[PDB]
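In the form deposited without the named molecule, a lone chain appears below as structure tokens.
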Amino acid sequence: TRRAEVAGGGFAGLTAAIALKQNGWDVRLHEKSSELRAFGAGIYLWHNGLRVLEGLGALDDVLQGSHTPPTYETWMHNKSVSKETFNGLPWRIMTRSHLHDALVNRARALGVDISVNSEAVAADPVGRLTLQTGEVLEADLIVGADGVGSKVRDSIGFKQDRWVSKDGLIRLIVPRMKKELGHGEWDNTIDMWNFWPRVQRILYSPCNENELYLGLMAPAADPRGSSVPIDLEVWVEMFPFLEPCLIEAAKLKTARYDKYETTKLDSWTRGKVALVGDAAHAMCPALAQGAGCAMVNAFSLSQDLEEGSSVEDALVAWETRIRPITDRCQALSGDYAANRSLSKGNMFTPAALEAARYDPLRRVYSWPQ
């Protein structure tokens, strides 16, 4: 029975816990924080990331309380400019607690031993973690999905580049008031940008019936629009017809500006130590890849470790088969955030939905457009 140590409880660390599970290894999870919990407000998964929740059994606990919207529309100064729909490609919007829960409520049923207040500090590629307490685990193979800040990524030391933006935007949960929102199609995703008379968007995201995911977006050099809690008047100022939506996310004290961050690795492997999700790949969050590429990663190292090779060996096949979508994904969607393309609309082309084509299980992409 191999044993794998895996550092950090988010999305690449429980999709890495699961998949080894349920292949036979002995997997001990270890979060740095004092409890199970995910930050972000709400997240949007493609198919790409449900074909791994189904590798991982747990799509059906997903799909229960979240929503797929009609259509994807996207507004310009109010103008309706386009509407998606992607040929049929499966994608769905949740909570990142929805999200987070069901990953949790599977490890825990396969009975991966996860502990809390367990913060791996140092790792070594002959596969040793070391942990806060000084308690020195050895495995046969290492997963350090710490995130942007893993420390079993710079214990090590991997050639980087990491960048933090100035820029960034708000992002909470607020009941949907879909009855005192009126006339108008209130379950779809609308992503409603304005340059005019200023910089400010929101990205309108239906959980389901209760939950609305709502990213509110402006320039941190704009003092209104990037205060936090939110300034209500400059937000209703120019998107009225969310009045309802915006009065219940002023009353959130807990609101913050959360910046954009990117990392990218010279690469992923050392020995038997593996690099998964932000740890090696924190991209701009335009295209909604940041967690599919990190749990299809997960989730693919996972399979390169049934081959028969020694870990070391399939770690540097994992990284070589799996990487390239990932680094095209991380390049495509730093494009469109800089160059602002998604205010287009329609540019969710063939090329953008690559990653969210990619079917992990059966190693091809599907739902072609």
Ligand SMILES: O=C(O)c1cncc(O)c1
Second form
Number of protein chains: 4
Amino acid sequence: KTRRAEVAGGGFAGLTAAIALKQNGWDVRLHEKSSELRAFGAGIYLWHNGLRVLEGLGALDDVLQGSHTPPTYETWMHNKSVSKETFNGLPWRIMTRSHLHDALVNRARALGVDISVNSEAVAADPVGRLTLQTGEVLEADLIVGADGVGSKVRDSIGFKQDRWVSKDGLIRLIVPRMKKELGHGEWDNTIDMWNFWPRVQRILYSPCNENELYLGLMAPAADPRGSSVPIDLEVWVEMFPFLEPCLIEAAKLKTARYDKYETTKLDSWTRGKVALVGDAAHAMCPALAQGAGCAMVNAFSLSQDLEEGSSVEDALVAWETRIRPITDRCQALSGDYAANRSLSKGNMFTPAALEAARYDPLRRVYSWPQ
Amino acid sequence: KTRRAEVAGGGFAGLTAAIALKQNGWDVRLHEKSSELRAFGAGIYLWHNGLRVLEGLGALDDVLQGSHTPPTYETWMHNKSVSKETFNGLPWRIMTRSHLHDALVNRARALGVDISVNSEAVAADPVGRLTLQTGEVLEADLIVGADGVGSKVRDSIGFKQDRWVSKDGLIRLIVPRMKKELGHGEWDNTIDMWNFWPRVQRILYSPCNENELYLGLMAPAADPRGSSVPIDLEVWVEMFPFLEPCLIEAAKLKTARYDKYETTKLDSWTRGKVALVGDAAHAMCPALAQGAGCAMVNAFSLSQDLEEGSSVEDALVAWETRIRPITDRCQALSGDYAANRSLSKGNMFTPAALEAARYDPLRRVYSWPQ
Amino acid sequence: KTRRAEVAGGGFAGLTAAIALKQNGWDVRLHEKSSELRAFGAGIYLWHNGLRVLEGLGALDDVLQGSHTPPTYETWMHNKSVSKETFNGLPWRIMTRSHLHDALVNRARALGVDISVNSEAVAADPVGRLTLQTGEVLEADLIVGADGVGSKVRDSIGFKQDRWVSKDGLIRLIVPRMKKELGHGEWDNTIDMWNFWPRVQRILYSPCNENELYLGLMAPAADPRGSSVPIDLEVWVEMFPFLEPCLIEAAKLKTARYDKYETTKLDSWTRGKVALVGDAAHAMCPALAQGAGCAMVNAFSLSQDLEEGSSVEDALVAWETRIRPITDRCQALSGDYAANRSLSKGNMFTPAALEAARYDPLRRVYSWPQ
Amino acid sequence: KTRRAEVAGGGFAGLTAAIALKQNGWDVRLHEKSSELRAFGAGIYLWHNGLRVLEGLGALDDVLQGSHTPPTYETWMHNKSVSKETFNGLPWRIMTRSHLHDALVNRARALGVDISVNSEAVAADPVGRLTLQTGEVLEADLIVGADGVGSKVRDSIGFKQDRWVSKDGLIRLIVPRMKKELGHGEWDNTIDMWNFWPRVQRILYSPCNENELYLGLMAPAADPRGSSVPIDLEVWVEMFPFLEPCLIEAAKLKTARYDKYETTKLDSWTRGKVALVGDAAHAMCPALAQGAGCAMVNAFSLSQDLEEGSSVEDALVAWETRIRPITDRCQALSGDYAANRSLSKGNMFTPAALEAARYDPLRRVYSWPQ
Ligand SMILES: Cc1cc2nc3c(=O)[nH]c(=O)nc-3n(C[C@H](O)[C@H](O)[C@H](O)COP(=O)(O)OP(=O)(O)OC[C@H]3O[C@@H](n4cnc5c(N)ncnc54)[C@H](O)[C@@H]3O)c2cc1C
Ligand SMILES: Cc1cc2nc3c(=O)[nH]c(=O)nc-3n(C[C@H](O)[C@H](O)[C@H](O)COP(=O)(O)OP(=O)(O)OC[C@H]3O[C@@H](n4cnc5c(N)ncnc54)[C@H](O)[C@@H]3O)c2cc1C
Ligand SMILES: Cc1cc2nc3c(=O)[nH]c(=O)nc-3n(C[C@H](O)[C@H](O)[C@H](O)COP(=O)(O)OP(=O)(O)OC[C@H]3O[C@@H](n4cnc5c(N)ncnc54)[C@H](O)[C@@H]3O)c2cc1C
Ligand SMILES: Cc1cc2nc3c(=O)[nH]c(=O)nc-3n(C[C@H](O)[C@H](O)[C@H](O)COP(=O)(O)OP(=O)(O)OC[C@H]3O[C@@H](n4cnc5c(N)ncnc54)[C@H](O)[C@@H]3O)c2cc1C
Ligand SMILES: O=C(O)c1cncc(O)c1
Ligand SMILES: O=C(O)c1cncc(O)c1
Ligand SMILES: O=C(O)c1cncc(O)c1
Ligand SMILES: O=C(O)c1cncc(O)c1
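Having seen the form deposited without the named molecule, the form solved in complex with the named molecule:
Below, the chain from earlier opens the complete complex, with every other chain and molecule after it.
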């Protein structure tokens, strides 16, 4: 009578699914392809929606400890402050990726989720069979494809899809705060520092805690200096001289990567006993900082629909119908914002922009009205 | 088998108790002495702790709609900004008293709490008897004394106590925002505007929403002009000229009162089947903006302890033991702050100051670390 | 024994020459080609050097009354303040062109300078003969060619020269201050408001007094909207929205012109009894705001050299040798600044930039050290 | 035929008189009581009027080199900026006392003024006799009493007078700028930093040049800590913490003095061939920073009246009649400002306040209109 779930992928989506299912009495095993449990991307923003998932997962405490809510989300254009936004009290948080990942892994382990590394799902069958690269075939009542933009759970089954990999991208790093060295200013703020002149270069400045600063350095791929790794210190200091202390530390990082944006959209997220969650289903532009938020809401919501006494197949259909439109709208709006460079104007966290963030997955209503 | 509760007082404490008990299946009747259900005091701050009570009461949505979280809590001394505090993301909110009261009344009514007006508790018996001014004697399994600083539930039984009524006080009003007329500034902020020179006059500036502004005008009773009602417009405009548009509206209010501060502390909060909650038990100085927050946490916590399968008498003892120290510490610290004028320095919402605010009554842990 | 001077041109150079010579006992007649005595160009800056000429001319009082020294000379790039300069106390002043012109005309009249309008010099002879368009031939001991960039005194004689008329230019206007309507800011400042993005548009904001504001609206000739007269209100408000009240008034002016920059440089400024002064000799780019300053210093200096007991011919040679290098350097540096857009960086009023301004023609030394 | 002048006192008044007379062909001897030529008081402000005297004395160049005009004269009350004043371009300057004194001494020496030290005037006779402490009796056509508030030239003759020495005063010091250590701010400004709460303490912050800062630390004599010398570092840092780097240097100065304010007013300034100039005649409160300015204007004006071909006795009478009302008005207004603490309000350099500053002694008119 113990339902069995097999989860492919140990990112935020897979860990969320695994914890949520285990809390509801599922026998859960999670399979991570990589040799270690790790999260790439340097830093990450969560909002009310994702923080509520964490509360629902019993992992909120560990996350809030050692992460940061800036006093304001500030936008600059050509070094002129154009907006300061606080979202009418809507909760939000910045943290390192490792911080969020560790909290989730620790919670999954505390609950007794069986986690395997070097364990890649290479095929999934809608009847409830997952095949690993080792040739092991696992039977389950539920298969969760949380295996990222390149999901083999998805592609082994075949889902009609549009995927896009941009030519442009950015360099994401964690460096020391160097707060004193930054001198006068509001250095606890998020500051999105846009420029189009004299060149297209932007830094998203994102404090994670008293020690760690998350920087995103964005320049076009066609710019050989701005897109260089390790960073071309001179061209960054030239346009962001007020960040020189931090940029000097950034230039030391030989692990720096220029990572490209990538999106996925599918005609459906389910097939029989298989559900696709996270980037496997709905990778999106990061303008609204909701890729993981939506992934986590969707994973948590999946566990909710599986508590209705329905067949797994029916629960999965109900789940997508219920929760997908929030994600579709957020993905579309984030892509629109990215293409139009809407964030450069400031004051763009409108009620519509904040729809996903306002959703409370625990009570299934929208909170924090704007 | 339906447990019966009789609640004396229709303030925030009594309404919270009534809703929380009704949600847990108690047959609840609430008795308000006044001819109408009303809340005095103009405006009010709630923090995470109180907002979590509201969530637990199913009244959070109605409260957040039409209330305000300032971008920052700012302090001025002699018109110089000395601090801006955002509490590392700790949720907080400002609203009119009527806004909070209405949300609670509407929720109690929706749940079918029996509410009587012109119904004053004049005596309570620890065996579970409440006598109204009408001579009606009501039997119950639980009596809640939520009847304010002058609690007759408390005083009919006899509780060792120290009460204090200050000679000093303040004038609290709601006026239009007049935001455009205030011109350049950060007029969505809370701004605590202190002065000792040329006279002791202070205004706590507290936006409630896009339409309503809560002002507290504080001057010593020995100052015949600053303590006058309706307000002596000239002496307020002289020291707060930047608020003239709002003060002109304030001066129109012939309902204005100079209300005195009042505190209560008791050796215990329980006797048999009687529990004292709110100002009946623990009225405190308003420096930490936690009088109602603690009252609401205590009322909600009472309902929790009554779900343990214990006798009512034992549950009440357990309740006070569990929850009272948070209130004792907050009351003491708020009184210390008031006497030392500590808030005038700015940056005084320390981790210790925020202890009560950080408490989450739903999960019974402290959240939002500083 | 009364030396006779004939001056061609009633601009700042010619009026300065006429007053200075008349003060020294010359019989002076001045000939203005136009039907009225008028000054075009809306507004003008003078510095210490030009203010000292005015003192020497007995016209300083009338100029300082009704003109303005801003508290600072401020530069913006893309709406971000990049510098505020006060030149270590070096005197400077902004005024309407008419204000300066009127003061000079009134002083010349008070001294009994004979002024003719509709009186154009069409030929000059180094032996001391000036021919007017009327055919009148005037004999004099000194002929002053103060007849502008298109000087016929110069060109009738033949001076080796390089002249340049730019394709680009600007629209100069006087509008009401609208100070209250501009709201919060430092609206008594000079503010040089540069932009390259989203288009090349710049406004030099120059208060003249409590009533009048001098604006220079600069856009490339290749921009059909930004270079349009009367002004294309929308494209100016878009990039300078904080000046909308003033720009609305500017758009009413059907007299607005897009005037082109023009320079002149000559191998010499003298021939026999003929001296060329002002734009006739040394028109320059306006970056250092010294075209008229140098013109006035040169005209005044001419009068000084004529007091040495030398022949007029020798005095003129001595004059150019003594005073020309200040002008040559200023012209070259202003042209360099214009071409490199150096002023866009702010903090460019260096000691070298301010050399002409620092010169005191009365004492013949440099003052106001930097 | 060479007129002989004997000047008592080598302060700013006596040096000005000596230079001005020597320039006009007087045989001038100056007698300084002290063993060295020195100026006490740390720093000093001059305005247009005094700068024009310096121009008239041929000492302006040496003064402007190595002195400072702040970008603005700023006033703070309780650390809040209440005004920024630039006087519509009216020239002004801050310098060390030694800087001004040296320039004057060097000019007097260059002109061949005979200067004696350890040479005290102890008696003067209206017939033109000056007696030194050595017993030497000097005959002259003019005797100038420029010997300070305690003038023996004045008191040996007997002038009806009111003198006042205040109980209160201030500590004036020169310290290093420590500009970098002061961090963010407008540290080239004059800043008059007033406080009445928590104690009456004020600092006038006055940069003299890139190296030297003039500070005036003002507290009541009844305050044993604030009036202490060497300075009580703690009580100054407490109320001016932003000046700590400079105050630490100030506390090292064991030469610091708490000097009292002193005023003098006389029924007349002349007797026969004797003229009283400077503090000997008109010491005043320093609120308008015009004590030396008026002293210098008066000394220079004296030389002017002596060029009219009148008897010395008549010239002196004409001089006082012509020039004294400017000083009487300035003295009265400065005393009014001091007593009413008017400067604490900011924006008090009104046209009337600036009357003395606006006077141009060279042309004998008022300039720099407000
Ligand atoms: C630049 C940038 C900035 C962003 N910023 C934010 C932000 O601020 N806030 C936010 O909420 N989101 C943000 N996002 C989006 C966020 O990174 C993703 O949406 C999120 O990490 C998706 O998580 P996931 O678990 O679906 O996928 P992934 O994080 O890709 O994790 C899947 C895990 O899949 C494992 N794996 C892959 N294939 C297999 C397999 N076949 N079998 C087993 N394991 C497999 C992968 O190795 C890995 O361990 C940002 C994205 C980008 C690109
Ligand atoms: C100036 C000031 C500012 C404050 N600001 C804040 C703030 O910002 N945030 C915050 O959390 N707290 C604040 N407080 C404290 C807050 O006002 C109180 O702690 C709170 O209202 C107490 O609620 P209560 O229900 O216990 O009592 P009450 O609000 O006094 O309500 C009891 C209700 O008792 C009814 N009643 C009385 N006697 C009887 C009886 N015998 N029988 C039946 N009914 C009876 C009373 O009429 C009334 O309807 C502030 C207090 C003051 C004085
Ligand atoms: C955009 C711009 C901004 C500027 N801003 C400043 C500034 O802020 N400060 C500054 O000092 N300078 C400034 N200048 C330069 C300043 O305008 C000139 O250098 C100055 O006006 C030259 O004066 P002028 O007397 O030599 O010539 P003009 O002003 O040209 O005057 C000559 C006079 O010549 C009369 N005339 C012409 N031909 C004859 C003839 N044949 N016979 C008789 N009369 C004749 C002309 O009609 C006229 O009345 C600026 C210039 C430009 C273009
Ligand atoms: C706190 C303070 C701040 C001030 N700030 C300013 C300011 O910013 N700007 C400004 O313009 N003014 C200022 N003043 C006023 C200024 O200090 C005086 O007005 C000025 O120094 C007066 O100069 P004096 O030459 O008349 O007298 P003094 O400076 O007193 O000089 C007279 C000289 O007299 C010599 N002496 C005295 N007796 C004899 C004698 N019997 N025989 C020979 N020699 C004699 C004295 O030793 C000395 O060398 C300030 C004054 C004070 C108190
Ligand atoms: O626009 C972005 O690339 C972006 C990336 N991360 C967070 C965010 O709010 C925006
Ligand atoms: O100090 C107060 O009186 C006070 C009153 N209300 C809220 C608060 O934070 C402080
Ligand atoms: O750069 C200019 O065009 C310019 C024009 N007028 C004054 C000035 O300082 C600069
Ligand atoms: O008020 C003063 O003591 C004062 C002292 N020096 C200059 C000044 O402007 C004011």
